[PDB]
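There are 2 protein chains.
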Amino acid sequence: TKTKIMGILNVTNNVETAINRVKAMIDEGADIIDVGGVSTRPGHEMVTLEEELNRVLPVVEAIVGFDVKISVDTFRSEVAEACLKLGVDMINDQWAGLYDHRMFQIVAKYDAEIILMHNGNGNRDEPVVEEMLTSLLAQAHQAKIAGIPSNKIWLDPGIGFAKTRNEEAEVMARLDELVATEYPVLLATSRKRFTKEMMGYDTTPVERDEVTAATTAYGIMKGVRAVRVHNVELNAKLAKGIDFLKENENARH
Amino acid sequence: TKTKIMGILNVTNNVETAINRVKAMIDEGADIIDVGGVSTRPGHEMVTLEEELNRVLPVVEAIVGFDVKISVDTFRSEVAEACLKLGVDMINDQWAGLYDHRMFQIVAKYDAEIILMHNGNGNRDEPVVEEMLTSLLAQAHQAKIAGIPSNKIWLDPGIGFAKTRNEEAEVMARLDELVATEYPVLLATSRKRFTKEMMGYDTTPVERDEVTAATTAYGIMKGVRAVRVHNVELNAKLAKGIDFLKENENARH
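Order-wise, the sequence lines are chains A and B. What the first sequence shows, in full-length UniProt numbering, is residues 2 to 13, 24 to 264, in sequence order. What the second sequence shows, in full-length UniProt numbering, is residues 2 to 13, 24 to 264, in sequence order.
Do not take every clue at face value.
When chains are identical, the list treats them as one kind, so a pair holds in a single copy or across two.
20 Å max Cα-Cα, derived PhoX-like pairs, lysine-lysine [to be verified]:
#	residue 1	residue 2
1	3	155
2	96	251
3	3	207
4	251	207
5	203	251
6	233	257
7	251	233
Derived by calculation from the structure, the hints in this document are not laboratory data.
Isolated chain A, as found in the complex:
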């Protein structure tokens, strides 16, 4: 199967603008739209449950009927339920169900998919790759206990979260170890610090699109199943090419 291209729709006329952006992203090759109004990055805006519902629901309501998968980026089970009632396909939980333990039961109740992201405050007693795998496998198992099938549980290594520069480099060197869990892996590096380190000199975020695309190609070669990206068209065409080359290689061995 194709590598899935997940476009980013931040929702922090708004509904109209978002409808137009979603249509453009579909035309550019998105398979999934990741809708969110809230961040867990240190120094994030403080957004209450009521404000999160206020910003996300009118958008989700307007876009869920398009022929694309809708992922809602939320860690709050009440937000996820309200969106799942409207027909969204996936919950992208930056806390891997650790913030709200009802998230699993909710996702299972609507037969939807969940993405579990590696996160934390940076402290850990084990090396990062071990701690990541251990943490994420244990939360995936909590998801399974609740009734979600393994094929609907995605893992995200959480580049941008709970890791030093050296720890992110270690993760990005060892993506195969996360893919080997057999849960589908979502790589989300787009324009983050790791891509700044790849460029090696000062850039605007948009200028990090080519190196982001290199992480897409590399990741796909390591067997990640989706990429979450700002520049949908570049990554969709790159990924189309990499999928084609991998399939061709497979077919011929």
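Once you have looked at the hints, place chain B on chain A.
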């Protein structure tokens, strides 16, 4: 070391235009400029020694002094020699020394590099990858006899030449086998039929830049050492990213 980015400079005022385009390519990250004024496709033109010299020399004189290596795409030893006494660094021979066997002596005499491209009629007894290796290893041997160091003998699989669609796919599936000869490999796919097939639905040549860049990433992952491309910026930035990811991976294992 980095993957080398070879920009394409075709030649048909013309010197000034060539000067400006080479300045742009150096700025976009080109390490080598490939200058050619003659094609070896069946669907391409016929050009005399004197005509080729008239086109190639003025451009080469004007550009050789800039901060970039110059490769001259020619199969004539006379053109090669004229450009080498002017200080170009490489000869990219689309006939791999088979059209003019003096080519080896001449590159050796000037301490330069040679690229040997797989080419032919399309006729062959043995399967394509075997015939490609046999022909290229034999021509590389001739180059070694002439005094050319093995690290200065490049192999190009010749996508676009002497091969059916299926044969090109077979080659593109098996680039690791060409890399395993330990001669540095130049991959040259940019905007060719192979990239047309990767996009599938109708495209112009320029619409093929993103899948060309996929071949760049894939090739680098397979160990090719340079890519020959129309869109220097996109490939340079992407290849910088893939080089970074591979080095990172290697350092951490």
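Status of the hints after comparison with the structure:
1. 3 - 155: Classified as neither; 25 Å inside a copy, 45 Å across copies.
2. 96 - 251: Neither. Shortest intra-copy (33 Å) and inter-copy (45 Å) distances fail the 20 Å Cα cut-off.
3. 3 - 207: between (27 Å within a copy, 18 Å between copies)
4. 251 - 207: between (25 Å within a copy, 12 Å between copies)
5. 203 - 251: The answer is between: 17 Å across copies meets 20 Å, while 23 Å in one copy does not.
6. 233 - 257: The answer is both: 11 Å in one copy and 12 Å across copies each meet 20 Å.
7. 251 - 233: Answer is both: 15 Å inside a copy and 18 Å across each meet the 20 Å cutoff.
Violated hints, in rising order: 1 and 2; the structure is consistent with all others.
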